[PDB]
Structure formats: C-alpha cells, structure tokens
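Peer 1: So you can see what is in the structure, the chains are spelled out below.
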Amino acid sequence: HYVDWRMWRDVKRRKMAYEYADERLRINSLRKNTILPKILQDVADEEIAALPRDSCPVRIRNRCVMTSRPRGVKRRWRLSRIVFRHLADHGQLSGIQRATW
Amino acid sequence: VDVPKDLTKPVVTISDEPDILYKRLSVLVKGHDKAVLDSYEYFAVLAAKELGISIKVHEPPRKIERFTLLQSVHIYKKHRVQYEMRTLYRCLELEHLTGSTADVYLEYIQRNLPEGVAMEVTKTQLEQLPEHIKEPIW
Amino acid sequence: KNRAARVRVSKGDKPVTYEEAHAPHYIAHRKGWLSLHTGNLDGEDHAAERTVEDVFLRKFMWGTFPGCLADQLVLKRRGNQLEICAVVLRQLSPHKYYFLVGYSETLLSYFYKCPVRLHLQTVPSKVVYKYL
Amino acid sequence: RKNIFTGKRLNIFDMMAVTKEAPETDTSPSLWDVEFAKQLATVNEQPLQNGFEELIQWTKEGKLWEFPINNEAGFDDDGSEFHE
Amino acid sequence: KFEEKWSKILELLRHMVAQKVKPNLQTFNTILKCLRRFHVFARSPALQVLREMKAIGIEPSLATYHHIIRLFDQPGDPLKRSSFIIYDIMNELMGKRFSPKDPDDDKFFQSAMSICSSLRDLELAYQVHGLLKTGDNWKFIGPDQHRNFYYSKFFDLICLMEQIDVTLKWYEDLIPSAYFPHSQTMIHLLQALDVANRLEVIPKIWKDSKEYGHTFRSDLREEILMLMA
Ligand SMILES: [Mg+2]
Ligand SMILES: [Mg+2]
Numbered sequence: 028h029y030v031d032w033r034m035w036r037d038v039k040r041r042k043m044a045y046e047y048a049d050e051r052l053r054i055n056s057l058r059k060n061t062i063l064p065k066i067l068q069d070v071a072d073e074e075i076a077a078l079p080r081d082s083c084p085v086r087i088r089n090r091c092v093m094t095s096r097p098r099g100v101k102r103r104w105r106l107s108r109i110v111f112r113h114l115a116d117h118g119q120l121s122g123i124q125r126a127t128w
Numbered sequence: 052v053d054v055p056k057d058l059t060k061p062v063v064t065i066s067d068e069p070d071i072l073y074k075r076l077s078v079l080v081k082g083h084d085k086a087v088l089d090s091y092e093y094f095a096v097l098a099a100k101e102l103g104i105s106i107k108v109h110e111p112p113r114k115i116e117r118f119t120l121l122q123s124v125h126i127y128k129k130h131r132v133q134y135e136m137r138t139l140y141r142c143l144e145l146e147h148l149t150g151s152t153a154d155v156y157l158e159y160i161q162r163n164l165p166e167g168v169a170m171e172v173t174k175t176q177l178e179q180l181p182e183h184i185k186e187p188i189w
Numbered sequence: 036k037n038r039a040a041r042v043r044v045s046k047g048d049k050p051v052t053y054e055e056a057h058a059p060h061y062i063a064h065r066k067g068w069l070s071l072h073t074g075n076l077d078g079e080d081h082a083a084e085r086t087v088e089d090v091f092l093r094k095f096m097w098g099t100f101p102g103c104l105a106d107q108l109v110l111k112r113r114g115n116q117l118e119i120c121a122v123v124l125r126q127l128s129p130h131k132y133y134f135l136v137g138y139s140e141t142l143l144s145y146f147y148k149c150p151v152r153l154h155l156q157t158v159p160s161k162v163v164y165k166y167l
Numbered sequence: 247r248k249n250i251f252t253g254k255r256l257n258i259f260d261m262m263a264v265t266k267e268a269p270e271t272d273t274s275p276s277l278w279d280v281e282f283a284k285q286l287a288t289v290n291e292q293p294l295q296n297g298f299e300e301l302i303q304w305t306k307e308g309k310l311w312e313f314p315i316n317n318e319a320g321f322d323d324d325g326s327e328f329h330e
Numbered sequence: 308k309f310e311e312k313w314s315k316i317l318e319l320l321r322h323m324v325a326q327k328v329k330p331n332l333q334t335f336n337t338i339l340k341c342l343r344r345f346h347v348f349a350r351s352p353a354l355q356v357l358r359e360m361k362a363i364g365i366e367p368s369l370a371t372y373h374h375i376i377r378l379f380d381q382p383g384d385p386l387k388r389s390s391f392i393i394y395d396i397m398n399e400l401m402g403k404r405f406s407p408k409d410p411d412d413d414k415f416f417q418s419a420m421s422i423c424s425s426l427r428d429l430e431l432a433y434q435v436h437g438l439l440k441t442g443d444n445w446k447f448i449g450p451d452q453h454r455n456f457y458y459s460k461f462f463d464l465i466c467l468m469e470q471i472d473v474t475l476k477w478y479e480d481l482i483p484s485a486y487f488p489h490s491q492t493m494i495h496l497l498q499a500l501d502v503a504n505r506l507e508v509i510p511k512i513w514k515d516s517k518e519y520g521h522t523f524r525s526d527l528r529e530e531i532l533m534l535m536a
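Protein chains in written order, with the entry's author numbering: chain AK, 28 to 128; chain AH, 52 to 189; chain AC, 36 to 167; chain AY, 247 to 330; chain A4, 308 to 536.
Keep in mind that the hints were calculated from the coordinates and are not lab data. Mixed in with the good hints, there may be bad ones.
As the list claims (entries may be wrong) - To give a feel for the contact side, a few chain AC residues facing chain AH, derived at Cβ under 10 angstroms:
| id | residue |
| --- | --- |
| 1 | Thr73 |
| 2 | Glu84 |
| 3 | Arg112 |
Beta carbons: idealized from backbone N, C-alpha and C, even for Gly.
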C-alpha cells in the first residue's frame, strides 16, 4: 500500500541491506588493510561482490515518506519541500515559522 | 462540612546507606516560546525557596536555525521561501543539594514541564578518593 | 500571487475561523502551533516520527468524528502522554461521543504505545471570525 | 448495660497462639485462589476521583514514565560490567 | 427449623477441629450469612459466633458486621435491640482503617445507613460517614447503585433532623459531586425549607431540579406550587 513501485523497491533494498550489514562489514575489514596477504584479500573481493546487488547501501535512496519524491527531501523530517511547506504553512509543525530578518 | 477526618500520607522510610551529595545541579530548559519559560522559571524558583534550596537563574543566548526552500512546485528557481526554528534557553543553577532533595524537586518540575519544553539536567556529584588511590602498591 | 494557506476573498457570504483567516506569515505573530513537542528543538531527535503520528491523528479523528469537528485539532505531548484537544459540535448525541472517546483513546494507546487522552469542547455552531 | 462481646461463646475451637511456620509456598495458587483474589480487588474498586489518581494508576500499570527521568530505564545490558 | 440446623452446623465445626483444620474469616461469615433467614431466633447465636471470632484472634471485617446488622434488623416498630447493637459496633469500628478480606465488605455502609434512617438518629450517621472518610475507607462504599442508596438515606435524614443552615451545606457538597438526587430527595428538602420558614430558596430548588432531570416530575411540580401559594 506504499505510494508507488519506486518506493516499494527502496523498502526491499533497505531490508536486504539490514540483513547483510554484518556479513558485509566483516568482509570489508579484510579488504581495508595492508596487513593481511594479497591472496586472502583477493578472495574477500570476490565474496562481497557475489552478494546480491540490493544488499549494497549505496543503492538506497532517501525518498519522501508521503509522496516518494527522490529529490528535494529534508533529512530531518523525511519529507519533500512541497509536503513540508503544506504542513508548516498550516501551523502543523511544532516550532516551524517563516523567517524574516 | 464534608472533610476527611483523617488523612493518609505516603510512607518515606529512612535507609541505612548514606545519601548522595550534589555540588551543583544545572537545569537547562529549551523552548520555542519565551513566556512559557518565564512562567516555568517563576514556578521552579518559588518551589526551590519553599524547599530551602539555593538557586540562580540566567538566560543563555538564543539559537535560530534557518533554511530556504523553493516557492513553486516547478521551476521559478529565483523565488523561494525561508523558514526558521527559534530555540530559547533558560538555565537554573542550583547548589548544595542531596540525592533525596534533588530526587523530589526534579520530579516535581519534570512532571510540570509544559508542552514544547525540553530539559537537560547536569548533575555534579561529590565523591571521595577510592581505597586503591590512598597509597601506592609498588 | 501567493496561495499557501490563504482563503481567497469572496462576495462576503463565506464564514471563516480565526486560524483559517490568517496566512502563514502570522504563525508566530497572531497564531500559535497546532502541535507542541520537542522534536524540532535544537539538539533534539525524532522529529520525523512525531510528524507521521500527527498526520495520522488528524485523519483518524476526521473520519472517526465525521461532520462533528468544528475546528482543527490541538495535539499536546508531555513526556509519554499524548493529549488530543478537539472542538466538536452538538448535533451528535452524548451517548455516541462517550463511545468514540473510549474507542479512540484505547485504539491509539495500543497503536502508538503511549497513554492517550481526548478532551472535547462542544460548541453550538462553528465559530466565525469574519465573513470574506 | 452489657457489651455484646462479653458473654457466653462457643467453646468448640481452642484458641490458637501462632499459625503454621512454613506453608506450601512453592505450590502455585489454584484457580479457586486466583479467582477469589479478583473478588477482593473489586470491593475497593472505584472510578478515578481526580487527575492525580489517573497518573498513579498508569504508573503502576507501567504506561506512564517513572520520574525523575532515567534515560536507561528498563535497559540493563545483560548485567555486563565494563571489563566485558 | 433453626433448632435442628444449629445442631447440624455444630457437627461440621466439631469435625473441623477433629481433622486439625483451622477456620478462617470466611468460615465464620458463611454462618452469619446463612443465619439471616431466621431473623428472630439467630439473634443471640450470632453474637456467640462473633465472640468466637475474637477468641481465635480473627479480626471481624466489614462483611462480618454486615451480616449481623441485617440479621438483627427486622421490620419492627420498636427496634429496641437493633439500636443497642449498632451503637456498640461503631465504637469498635471507630478510628480504623480497613483492608479487603471478604467480597461482601463493600455492602456494610449501605446497610448501616439504612439502620440509622430507620432509627432516625443523626449523631450515629455522622459516625458511620465519619468512618467512611478516614484513610481510604471511601473505596468500600460500593458500586453506583449502592452509592446512590447510601447518600439518599443519609441526606434524607439530614434535612429532617438538623438545622437548615447546615442542611444546605451538605446539599452543596454532596450534590452533584457525589450523587445525583432522586425526585424524593428534592421533596424532603422542600419540606425542610417550609419547617424553617426559608421559602425564599424555592426559586433555586426548582432550577437545580431541572438540571438533575426532574423537569417533568408530576409529584414534584405539585408540591412546589402549593408551598409558594
Ligand atoms: Mg545516493
Ligand atoms: Mg512572490
């Protein structure tokens, strides 16, 4: 019942990235060093690259939770500039007022 | 004419363990409205005087966080809207308290903390040197 | 021209409320805020979750009290509590108000995991600030 | 001019000084004992008479926070010490 | 007949002591609750049961005293015995805090007030009600239906007996904060203003009646007009 399929695909991505977060963390530690042998680091480069694509955190997009807008999103409220203003202009956001100086 | 002939009071047992000491008790309340803080100050100061507590009040400088957004849904870059959140502060510096007195005063004012008002309570406790620190072992 | 939260003038036969008659540039000069919490204060957290709860509450109450709300809600948070203050009309019977107060207070307590209390203030008719 | 308590009484039961020292505390109450304790919590049942009592009821149930506020309430990390 | 039942009950008691079984508060309460049917005869046996409870150091709860007053109470005009009993019970109960022991502990106050109303004794009702305010004993008054009945017999006895200047202080405190009055209470209050020649308050007793749902009570409107005219 999400806004659109683009939103639904990001929900799945955030779920798969939460399951492999530890497995990816432990493998990257091996790659991010000059201590272990190159032979071992080469095997970890193939193990983390064989994990599903949607497990990668860079493929996540901070969309608006009300409209699924990919751009123009405020991270503190997780809303788009259009929805944020609609609530702020009606006095529904605590403390938010218009600036004049 | 109708009044409870006898009243029941909550039991306050005295423990054998010693009580905690507090050199200072700093209470920092935030808010978007200044009169709500001027009114909470009057309540917290008067509640300290009746309990026999030393209190000092000062007003830290405010903070204003601003940000701008596009006015239109499409194009018209030049035209934008600017917003702000104003955070006002009020610090209540108490001194020379005990664990029990602070436990009571804080509960009294924390419960009556009005809407839109947060609090950061910094507690400065007095301790004594541990046993291992008295003399060296080597 | 600017349009946000403005009720356009008309012949003079349209009644409006106080909050509905003032535009966004009066929100801290002649109006207050309909929701009051600490999320949007400096150094505070969880301002995004408090907003989704507010959006849902205003809709839950609009469809749970259909045709009864005289003016917008006023949400208040004091620690764990969540106080909903509403102005309602006097058409509905009090028997049905007490049912909905207990049904909403309970359903919302189990949904948001917080003690919820609802305060009604009945008015005979929708208060009118002026006619546009 | 005679008090009711003073006078003849039934002498079937001998006066008891003390009760049994240790009962079957390990044994759990039966259904008859769990439902009879629910009838003794109803005699004193009354509607909330004031605002303070509502807060007291909630606090006992666990819905309302216990003051003064402790940010670590209900969170002990398995009783782990700093050296772990 | 009671004489046969009394012998029967004593057998179970003798078996209870013959099997190393100790009685509890409930054991004695059932006896008193059962003896209610024999109003007249069980009067003296009842006290013997009470004395027994004190012997084994079993503190009578509110339910115990409830089963006694109901038994002694009987639809009689003299009520000589009932009067002496209640006076002694109060002196024992005076200045005490109670805890829930028997499910019927709540039914005490409703009965005790009924006794005072039948006896038309106001000095005793101040002790029964003064015992209900000590500590947290106000929680034993009981459900709504028991609460309305208690405050009716109580307030109806106030208007009849005490001065009018004090009767109006009880009418401002109880109503509506405690109970909502019934058409009869408004009448009894009207018959007290007449006795005190303070008929200037009648225009106010009618306002409050409409606010309590007695706007269309035939009997009430037929007694307010006669008094004024
Ligand atoms: Mg990106
Ligand atoms: Mg413009």
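Peer 1: Indicate, hint by hint, whether the structure satisfies it.
Peer 2: Structure-based check of all given hints:
With a least beta-carbon distance of about 4 angstroms to chain AH, the hint placing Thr73 (chain AC) at the interface is held under the 10 angstroms criterion. About 16 angstroms separates the beta-carbon of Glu84 (chain AC) from the nearest beta-carbon of chain AH, more than 10 angstroms, and the hint is not met. At its closest, the beta carbon of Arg112 (chain AC) sits 6 angstroms from a beta carbon of chain AH; the interface hint therefore holds under the 10 angstroms criterion.
When the structure is compared with the earlier hints, a violation turns up for hint 2 alone.
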